[PDB]
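Just need the whole structure built from these sequences, with the hints factored in.
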Amino acid sequence: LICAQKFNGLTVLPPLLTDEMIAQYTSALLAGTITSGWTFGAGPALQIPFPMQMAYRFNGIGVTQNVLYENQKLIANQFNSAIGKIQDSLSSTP
Amino acid sequence: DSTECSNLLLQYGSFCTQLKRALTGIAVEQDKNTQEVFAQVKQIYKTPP
Amino acid sequence: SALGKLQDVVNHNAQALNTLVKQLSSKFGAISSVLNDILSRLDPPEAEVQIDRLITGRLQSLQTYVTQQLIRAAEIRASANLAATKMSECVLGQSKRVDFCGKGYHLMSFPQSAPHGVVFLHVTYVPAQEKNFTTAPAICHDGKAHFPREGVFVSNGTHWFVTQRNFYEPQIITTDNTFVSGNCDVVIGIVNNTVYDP
Amino acid sequence: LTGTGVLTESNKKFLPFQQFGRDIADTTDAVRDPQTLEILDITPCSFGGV
Amino acid sequence: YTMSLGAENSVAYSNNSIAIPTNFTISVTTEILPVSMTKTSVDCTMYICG
Ligand SMILES: *[C@@H]1O[C@H](CO)[C@@H](O[C@@H]2O[C@H](CO)[C@@H](O)[C@H](O)[C@H]2NC(C)=O)[C@H](O)[C@H]1NC(C)=O
Ligand SMILES: *[C@@H]1O[C@H](CO)[C@@H](O[C@@H]2O[C@H](CO)[C@@H](O)[C@H](O)[C@H]2NC(C)=O)[C@H](O)[C@H]1NC(C)=O
Ligand SMILES: *[C@@H]1O[C@H](CO)[C@@H](O[C@@H]2O[C@H](CO)[C@@H](O)[C@H](O)[C@H]2NC(C)=O)[C@H](O)[C@H]1NC(C)=O
Ligand SMILES: *[C@@H]1O[C@H](CO)[C@@H](O)[C@H](O)[C@H]1NC(C)=O
Ligand SMILES: *[C@@H]1O[C@H](CO)[C@@H](O)[C@H](O)[C@H]1NC(C)=O
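These protein sequence lines map, in sequence, to chains A, B, C, D and E. Position 74, counted from 1, in the first sequence is what our numbering calls 56; the numbers after and before it change by one each time, with no gaps. Our numbering runs 811 ahead of the 1-based position in the second sequence. Our numbering runs 78 ahead of the 1-based position in the third sequence. Our numbering runs 29 ahead of the 1-based position in the fourth sequence. Our numbering runs 2 ahead of the 1-based position in the fifth sequence.
Honestly, the hints are just simulated from the structure, not real lab data. Please note: incorrect hints may appear among the correct ones.
[What the hints assert, rightly or not] Straight line, CA to CA, 30 Å or less: simulated DSSO-like cross-link-like pairs of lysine-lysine: (1) C:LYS174 <-> C:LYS209; (2) A:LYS(-12) <-> B:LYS831; (3) C:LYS100 <-> B:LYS831.
Next up, the structure:
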């Protein structure tokens, strides 16, 4: 059984990074992406407004800068909605 | 925990030093794997309130 | 421990070899490790049982050595392919893949041979001396929103300027730095400076 | 001590009480001549894959 | 001590604030990679039954 892992000469070492510290790493990685775009991954983190940042991500795939701003309300409602369904997507399919 | 059995192992070779070293090397790797994936930021960034 | 990765490779294979020879001493349940002694002490009809017992434990050490060598060889193959992959990308060119060739924006990569490996000198670009400025998504002039062709609209707090993202060269907002797209009542957060047409 | 090797002169010094002389293994890398009490330097014959 | 991930830092995010570098640093890091291990060969007959 997994409750008593000792058994007979079978020790399960604990991970060096606890689930809490890993969550701190992920949260620090989320806050870097949101508040700094990619600049935090290549030196110091430089703050940039998120609507402005995602225009730069748009500009990197071909669509011009102004496509995002003229569709900010639609795009945000699209993102929000999707990030939602992803929670039920994992729940629906075990 | 049989002394007679343990006497046969020490005549059997140094397989254990190979096994426990292999599983120790496999143990350090797991710590390195999580470090490589996640520890990509030298600072802990905080979301604004 | 700078050259830790190569040092362990030299340690691992050498110590694996040293265990293999050291495996020869164990008697494996036989009378003696030295098989010439067994052939001299015991008669041939009853020395095979001791010889066979020694052989079974002996080749099994070879089986372990080869198997762990095959696994280790596969690990180096992945490491060699990664080095070959980033020899072609980081050295023979410039890589846009973030944090692939050195942390920061990559410029160059000079390799150097090392014993049983390679060493890369990733010449990266790291910004510094950051300054906090007030930005704006666009700049309405005549009711028509202006978006920068390159860079970002930035304001020293008094005037507006357009500068590239990774370096601060404030340039006056002409009509060549920016492009027009539609009226300026649909962009959220638009400021309203004046675009000097050249 | 029965084996096969290239008997040769050894610069090693076998302290009086030191009979044989293994190395970092188990191989009698040296022997003291029963007679003439000389330190030999038994080394394996030069084999090799072809 | 309990491990510390790193120096906690808060980014001054704001609807209308941008941070732009006025300088750079040409940092030359280094990367070490194994390429080839030691080519070893064995002989069963000379090893198992000398
Ligand atoms: C911000 O805008 C500009 C940038 O320096 C400054 O206005 C300048 O003032 C000098 C003073 O002689 C004159 O050349 C012009 O009036 C401007 N020239 C430029 C565009 O450099 C202004 O003083 C700055 N103010 C702040 C808040 O930094
Ligand atoms: C930016 O400046 C323009 C140019 O004056 C402003 O347009 C006028 O602003 C006044 C003041 O609110 C209004 O009474 C007028 O009706 C506006 N004219 C137009 C074109 O509708 C504009 O409102 C300013 N925008 C911001 C962000 O303050
Ligand atoms: C960018 O940084 C470099 C150094 O990292 C600065 O160059 C230094 O300038 C000071 C001037 O006060 C000199 O005393 C140093 O000797 C210089 N060092 C080097 C290595 O050149 C440079 O001035 C910075 N750029 C700006 C615009 O401030
Ligand atoms: C810029 O302003 C923000 C907010 O006031 C502050 O957190 C940051 O340290 C400032 N940076 C510089 C270089 O002054
Ligand atoms: C500006 O920033 C504040 C604090 O981050 C936020 O609550 C507010 O909604 C923003 N206003 C706009 C729309 O610029």
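Taking the hints in turn, this is what the structure says about them:
1. C:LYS174 <-> C:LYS209: Cα-Cα ~25 Å, so holds.
2. A:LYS(-12) <-> B:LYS831: holds (16 Å)
3. C:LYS100 <-> B:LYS831: holds (17 Å)
Comparing the model with each numbered hint stated earlier shows that all of them hold.
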